[PDB]
Structures are given as C-alpha cells and as structure tokens.
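Visitor: Single-letter residue listing:
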Amino acid sequence: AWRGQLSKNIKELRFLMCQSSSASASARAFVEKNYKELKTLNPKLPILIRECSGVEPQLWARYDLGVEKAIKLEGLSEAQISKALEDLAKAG
Amino acid sequence: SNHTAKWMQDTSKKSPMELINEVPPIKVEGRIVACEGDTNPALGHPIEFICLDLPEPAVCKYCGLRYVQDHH
Amino acid sequence: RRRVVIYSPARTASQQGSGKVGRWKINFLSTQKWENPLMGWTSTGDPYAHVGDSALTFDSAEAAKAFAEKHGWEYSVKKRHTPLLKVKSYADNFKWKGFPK
Amino acid sequence: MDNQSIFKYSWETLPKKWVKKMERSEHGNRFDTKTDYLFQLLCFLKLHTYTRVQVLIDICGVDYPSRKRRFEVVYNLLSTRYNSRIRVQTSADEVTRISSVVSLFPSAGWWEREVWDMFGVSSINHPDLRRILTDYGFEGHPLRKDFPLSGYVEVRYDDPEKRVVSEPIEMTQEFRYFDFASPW
Amino acid sequence: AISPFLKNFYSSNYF
Amino acid sequence: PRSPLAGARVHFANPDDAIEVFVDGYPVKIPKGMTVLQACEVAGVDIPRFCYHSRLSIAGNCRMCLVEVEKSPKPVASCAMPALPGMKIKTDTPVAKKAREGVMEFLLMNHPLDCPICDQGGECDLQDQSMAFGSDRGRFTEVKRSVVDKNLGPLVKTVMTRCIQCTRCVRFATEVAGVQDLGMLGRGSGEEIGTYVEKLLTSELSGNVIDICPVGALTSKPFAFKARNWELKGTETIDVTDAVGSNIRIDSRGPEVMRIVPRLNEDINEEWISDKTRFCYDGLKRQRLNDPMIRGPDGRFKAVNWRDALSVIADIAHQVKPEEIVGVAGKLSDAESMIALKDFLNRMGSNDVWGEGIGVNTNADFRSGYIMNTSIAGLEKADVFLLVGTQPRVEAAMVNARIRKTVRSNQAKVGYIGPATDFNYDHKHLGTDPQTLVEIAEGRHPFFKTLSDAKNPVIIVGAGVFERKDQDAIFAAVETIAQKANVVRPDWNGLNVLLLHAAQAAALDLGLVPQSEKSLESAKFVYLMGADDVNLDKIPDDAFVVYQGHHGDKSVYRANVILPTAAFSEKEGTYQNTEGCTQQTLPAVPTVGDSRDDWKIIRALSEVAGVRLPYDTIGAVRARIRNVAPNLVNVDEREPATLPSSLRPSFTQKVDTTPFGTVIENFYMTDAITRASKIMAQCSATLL
Ligand code: SF4
Ligand code: SF4
Ligand code: FES
Ligand SMILES: [Zn+2]
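Protein chains in written order, with PDB author numbering: chain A2, 2 to 93; chain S6, 31 to 102; chain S4, 42 to 142; chain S3, 1 to 184; chain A6, 118 to 132; chain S1, 57 to 744.
Isolated chain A2 (complex conformation):
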C-alpha cells in the first residue's frame, strides 16, 4: 500500500530515460503502467519523466531540504525496479 503513502518525504522524483534499447526493457513499461496508477493515487507529487538521446536509465528522488538520492537501472527488471521504488520511498 506504499504507493499512496510514498508522498510523505518524496517531494520530487524523476526518471531519466533513453529513446533506445537497454532502457525500453523495464523503464518504459514501468513508467507507463505505474505512472498511471501512481499519479492516480498521488495527485500532487511531481513525477517527472525526462528522456534524451543516449543516457543510462536511472531513477532520481529529491527529498526535503534538497537531498538527491539516485539509483542506476541498467540491467534490472520490472520487479527489481518496483523494489527499488519501494526502497526509495522508505527512508526514515
């Protein structure tokens, strides 16, 4: 149920993606499905999706007081990236 209480201190989060392989395996499908459902369950959290030519697929989270936490997603699958997200939201 953490997809609704992740907005405690997750103030921003952005997905850096590429328009080619090595990301489309997990990044694009996760982005589509989980973004629809998350923006539904999170009406106020800025979930950015930025894509340029030739970058490694990665997730970035901006926590309160301006702190950046990054995660590389080179060769992960959808379950792995979901666990990565659940681990990003849980900071404590």
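No wet-lab data here; the hints were simulated from the structure.
Selected chain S1 positions facing chain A2 (Cβ under 10 Å, derived; list incomplete):
1. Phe400
2. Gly405
3. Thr418
4. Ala420
5. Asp421
6. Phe422
7. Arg423
8. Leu566
9. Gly567
10. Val667
11. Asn683
12. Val684
13. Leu703
14. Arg704
15. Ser706
In silico PhoX-like cross-links for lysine-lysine, where the CA-CA straight-line distance does not exceed 25 Å:
16. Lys525 (chain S1) with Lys45 (chain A2)
17. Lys9 (chain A2) with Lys73 (chain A2)
18. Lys461 (chain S1) with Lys138 (chain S4)
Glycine included, each C-beta is placed from N, C-alpha and C at the ideal position.
Once you have looked at the hints, place chains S6, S4, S3, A6 and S1 with the ligands on chain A2.
Guide: Relative to the frame of chain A2, chains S6, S4, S3, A6 and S1 with the ligands by itself:
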C-alpha cells in the same frame, strides 16, 4: 534644441539649423530643380533633383534650401 | 585561458551575395569596454579585442578546431545553417483557382 | 618574359630528387623544395658555372594559420652575371630545425635572426642567435596571425615610485576594425 | 575564508 | 566536385530520376522542375539579381540575371527559366557581360545621386552589383526624375526617389505579410510605390520589408543615420521576447547596440523577424538599473554594496520564514538561473518556486504534453488546423507566418476557437466555448468530420490555457479528439501546444510548478526574477520582496531590495523554444554599471546565507542540468518526446463553461524590455 545642444556649446550665436531656417524659400517657376549653389564643382552638393508637387516647401537633403513652385 | 566560439558567419541580412558564407572563424567572446571619461571613445583592456575576427580567418571547422586545441584555450563549436533548396515555378505563380463552390 | 633561360636550364640539369614543385609564372619563378635538401640545392646554385646566383636578396617568412605546415620560408635571390632571379620557397612547421645558409651566403645571419623572432621558425646551425628586431625579452613572436596588433604587455611608463616599468595594456580608443568586404 | 568565487564576485563580473 | 553556394541541401523529391545540365562546361544534377538560377547556384556560380528572393514568388522584373543558354536565342532571364535536360548554360560570355553592363547602365542612369547620405551605402546590392559587374563610366547629362518621399508609420521611412520598381516589397506584402496595402501605381518612368490614401501599415514583418528592399529607400526610422555597416560588429544570438526563439544577429558598436537583423535558419524562422523584436533594443539602452539598492525606511532607495545587500537578505531569510519561502522565475531567464534558484530554495528547505506564466493548477509534466511536437518545419505539411484559445498572430508571430505560408502553399482549412480577432488567412470561427470543444470531441459541430476526412491534421493549444483553472479537462477533450480522429499516429504526431514566453519551456522542463495555490498570499519572503505577480498585488503587507532583475520598470515600486542583473544581450544562457529546441545566446555588449549574472548572484547569495551550492562554474551548472534534464546540455538539437499523453484527469465533471480569455494584449507593452522601452510605446500609440 537637442542636436545642436549635443555638439555646439556656445549657444550665443545662432546654430546652423537656425540660419538655414532664417533663409527664405526660393519660389522657382517650373516643377523640378537642382541644388548646388553657384558653381558645379568647388561647391559640392551633387545634383539632387527634387520634386515640387506639394503645397509645402521641399528640402534639398544637402544645404536645405526649400524650393517652392510659384504658380498653380 | 579563455573560452572561444568557432562558428561560420551567416549571410548578411541586407545584401544577396555569397562571397562571405562558409568561412569558419573563431571569436573570443571578449566584451569589457567602457567609456573614456575625457572624450567618449570606447576603451578596452583585452589584448584579443579584435584579432579573432580581424586576421584569424580559417578555411574549415577542422582547421580552426585543431588550431584552437593547439594553442590550448578551450572551445565550443557552433552549428552552421544552410538554405534548403526547394523548386519554384512561374506556372505555380500563375496557378488556377478551382470552379465556384 | 625575363629569365626563362636560367630557369629552364636549372630545372633540366638539376638532380630531380629534391624538387617538389616548379612554377614558371611571369610574377616570379618558384622552386618549391623540401626542407631536407635546401642547403644542397642552394649549394648547387652559386657554384654551377651557368646558373651561378652568388647573391641572396631576401629571406622572408609567410604565415598561413590554416595549413598543417603553418609557416613558409622564402629565399629571393638573383644572378648578377646572368641577369635573372629565382625564388626558392620551402615549407616549415612549428619547431623544425631548418638548415642554415650562413656558410654559403654570409648575408643571412641578420635575415635569419629576423625570421627567428618575428616568426618562430628555428634554425639548426649558427644564424639562430638571439632576437634582433623586437626589443628584449618578448612573450610571443609578433608577426604571426595570433600576436595581436597592440601586443600583450605593452604599456611602458615612468614611475616616480621607482624609475620606469612595463605593465599590461589598457589602451584607450580601442582599435576599430572596419569590414568593407563585398559579397558580389 | 570566503570561497574565492565570492571574492571574485565582489569585484568585477569578468573572471 | 563542386559544392553549391553556401551549401544548399537539395531535395531530390524523386531521387530515382533527376535531370542534368551543363553549367559553364562541367555538368550538374538537378531535380525535376528547378529553375536555371538554382541550377547555376548548385553548380556554384552566383548570378546578379534584384527582383528574385528565395522566399517570394518569381518575377522577371529587374532584368539583370541574364545568361545565355546555348540551344536558344540571344538573351535569357535566368530566374523563371525552367531547366531542361542538356541545355548549354553559359554565364561569362560577351553576350551576358554586355547585357549586364547595359542594364546596370540604365538603372544608374535614372537613379538618384545621394549615396553619401543614403544609408545602406556600403550594403547596397545595386552598389556592389554595379561595382563588380557594371561599367565604369556614365554618359548622361539631362535632368533625371524625382518623386516625393513617403511616410509609412514610425518604422519604415521611404525616400522614394530611388524606387527602382522591383516589386519585392509588393510581393512580400501580398504573400508573406498578409495585409494588402502596398501597391505599384503609375506608368512608365512615372511609376511610384505607395498606398494611395496615405495610410500606415498596421502589420508586423515591416522590418522584414526594410530588409527585403535592396536599394536604400525603405529604411528603419529609429536607425535613421546612426551608422554605416562597416563600422559595427555582429554577434549571432537568439531571441527572448517571442516564444519561437528566433535566430538573429545583434549589430553593435562599442557598448551600444545599434540594430538587430535576422539570420538564416530554415527550421524556426526562415529569414524573417517579427516587428516586435527588431525594435526592442532602444529601451534596453534607455531605462536601466545599475546598482544594488536597499529601501530606506522613509520609503526611499539607497545604493549599497554587494556585501551589505547579500548579508541583509540572507539574514532576514534565515531569520523569519520557516515554510513560506516562494520564488518566481522570470519571464526572460535561462535554465542556469532557474536551476540555481531552485537549488538555493530547496537547500533553504522551504520550497514554493514557480515559473512566470505557468498555472497554479496541477500542470502535469509530459514533454509531449507541454511542447510543440511537430517541428515548425513539419508544420508546412499539415492540411487541417485546429487552433484553440490562441491568436498566434499576436503570440509566436513566426508560427503565425508559418501557418500563413502553409495556407498559401496549399489551401488548408483552419478552424479557430476563442475571442474575436483579425486573422489574415480565410479562417473559420468555430465559437468561444470549451463547451464547443466538448461537442467536437463529441459528434456535433460538423467540423469534426473534416478532421476525420483529413491527412496530417494539427491541433494547436495556446499556452494561455495553463493559467485557466480547468486545464486537465481541456487537455483531456483534446486527447479524446486525438484518439477518435487518429491524429497521433507514429508516422506523424500532430498535437501541438504553443508557448508565450522564452523561459516557459525550460521552467516547465526543470519542473517549476507551484506546490500550492495561495502561495503569494501566505508567503513572507518572495524572491522575484520577473514582474506582474498578479498585478504585483497578491503579496501581503509585511513581506520581504527581493527583485533580482534587470531593466526595472514594474513591481520595483513594490520591491524591498533590488539586485541588478545582465540582460539577454550581455550574458550566455540556454533558452528552449516551443518545438523543444534548446539554443544559447552569446554576449554582445558589456554589462551596465556593476550588475552580475543570475546564477552567479544566486550562488553568492547561497554561500553568504550558509548552505552553499556544490557548483561554482558554468560547466558544473550544466552538469547539474544534465542531471535534472539532459537536452538542455544537449543544446542545438530538438529531442522529441516519444511518450503519449496518458495523464490522469482530476476534474471529470465539465469545462467550467467560461469563455476563453485573451492571453496577450497590445503586442508591444508586454515583455518588460520593450515595455520600459519605447519605440514599441509609440508603435502601440499609433499602429493599432
Ligand atoms: S541604395 Fe542608396 S547607397 Fe545604394 S546605390 Fe542606391 S542610392 Fe546609392
Ligand atoms: S526602393 Fe525598394 S521597393 Fe522600390 S523598387 Fe527599389 S528595392 Fe524595390
Ligand atoms: S532576377 Fe531574374 S529578372 Fe530580376
Ligand atoms: Zn542643397
């Protein structure tokens, strides 16, 4: 008022614009003239044929002399 | 050290000639001028105020890039826009509108 | 229309191993050669009993800041006996020790020193003594296309603080550069 | 100690 | 092995077949119906022209481009001559030389003789063409012909003594401009060009008229006699007033900018410039603030030092505001300043930062959702336009000219929704209601049929809708239109959203959207880089207002501390334009007084305020930029958005049934630069 104020400094004798307004128009007879003064060289001001089909004087763009057509 | 910009000066927007296009040229983006208090002339203090576009005219972006890299100062090459060439027709000028609606 | 004779004879009898380009214009006849045989070629001339040059008129440098071989050394030299002059023009890069001719024509030490400081081209044998034209310890070589017209450090004025000093340039009324070009 | 960037910034804006 | 003039990417529409012609000997390949002039161009020889412009229609009118095409009679006009397979073109034969000599002889015969006062002397085609191709002696003594000069508003003064009857201005004003006022009237030698009822020209692109007209008769009034061309240097920059980000060249002398002129870019603005921008420099010189100022408690302003100013602002910032710190990003600002401001605020801990004209509502962030997808170039390939809530003639004048170019090329039905306005191309007016937008997302309003019976449609939503409360409903209705009309296919993504600022794209890109709505009301320490915050009024009585800006005219009388900065012609920033293309400007003239760049002042403020930024050089700033949004460091190439608009609506009831309000008015007093500037002020007073 502003141009002569930018360059001239004395403001006791009249500025060039004031003198060239002090000279009256010429009141020529035809429809087209040419301004040099009285010589072709040694006085410059190349040929500047200027029309005269308006009820107001027409300047010359060198040494503005304001020619004017006489009759109707 | 100084950042320089390597570009090709585009065609002047007033004439219609072509003897000054496609000529790679490096500029030192130096702008530190001020007004000489006595008269009003424009003073400066940069030794490279004008040389980059007064004598240094290069034949191609490759040569200018190699030269900037050789003298060491870091560069950033710019892009060169070229006119697309369509097809025109005096008949297309005198085209024919359709029948009345 | 001047000296086709000497030039033709010189080209048709030369060891053709060391000639890279020949131009028989009417402005001036050019033997563009390789920098490795320059002394050999010049010593062929001044000695052969037909094309004996025996006098070197000029050694000038030309700068082309767009070619891999940046510099261009040029020897203008005439033949007072055969009423003819030729221009032997060699290429030269940044540091590349060029041969000397002060052994043949002793009238090259000053022209080779001048091409040492004005430009930066070296000279392996004797004539590369210290600078001549430019004053003293000088940053660059002030005739290539990089040394700006007004110099790097050129303000030079008296100081009652001590005596006199040289300080970086802060000139007034900067050098205006007009364009004047003409796209036809 | 003022992180010499600032030391320049207080002077002219051409560094 | 012969490169075309300037480089010119020929098209080869049908690359399987293409004719070949002999130009002055060696052969060249040419598409099907290309003209002799363009064939000679491809071969690499320029031909003298007066009355032929690559963007206007052809007219064999000046009679100077003559060449001889062997296998034909004696003279041939190069332009308007369709190339034939194998014709033997020749350009440098005694026939052509004498033709050019005679024609130049006639022109200079009945020309005036006032070069040393006629500006464009040093730039004039006629001048250079005569000097390079014409004779050297004139044989003529009799009296010439002279006509009276004319006024065309305070932008384009004309000394018509030298109107050589080219009809370039006429063809431009009737094809590209849209308004038919100029016209050639008279006969024989007595033939003038001038509106017959002494009217003015109430349209933009008149600066483009003065650039078109080769001989120096139509000339910019505010640049009357200030300089020749050989005197001043040109720096190639971009534009920030409009939203297209036009490519221009700032011609400046010393620390003063003299004029600006377009430069070719066949992707954004062909070779034109909207009338607003060409005259936007005079005030950039005229009004200005050039010293950090502090409000003395008598309500006055005193000039202080940077140390003291930064110290007091950082002190009060740390002092009071726990969670009520807001920052408004300027209308004309760069991604460097925006990211620096956002980082400074987030390190301060309290974050309500938002761009200039970006709405307080949700404003979701999908690049395909908030950029113009089809590049302006591709816009020349549409067939059915669906302009909603937009008057692109007043905002993004270059996009308006592109739409007009399309409608002129091939008649493309255009339907426009919103308030009444004066379009210059046969527009259909569909109504003023998002209710009508709903009906057309549904089955009524038979115009929808047109969409379904369309090839390559285009649906253009103006960025003015971002500020409206119910924006997700509008965008969802557009989504339904797209899904039902098949306008989002992978071959062609025709779903465009305009913009009406230069900083709006980069702001929405970095993510500057307000986390709340009553931010200005609840705030106590506002950091402004741009003006207008609603009528600069919503800010409460007690609130520390710091205006870190330039060219201060408005909201300054509300500011509490003042920090001068560098304008758009004195710095190097990155601006993104509506098709998502990220360009960068270049410095042209020295900073005024002792102002400093925006990201520099932000970093210095951070350091003196404690929490500092880990970057202190433009390289590291753009590295952070690569970390947050990469194309902004992938400058000078548009990176499309290959993701659909699968946003999640939150209104789900209706579209609030309120009419579309006007987004931008007076077209000149917007853009604080022009506003506190001036020639735009008298243009607003007269040309309306
Ligand atoms: S436009 Fe003016 S400067 Fe040029 S030739 Fe014609 S009259 Fe002379
Ligand atoms: S003055 Fe301008 S509009 Fe008139 S004929 Fe000449 S170039 Fe054409
Ligand atoms: S350009 Fe061909 S006739 Fe004027
Ligand atoms: Zn006169």
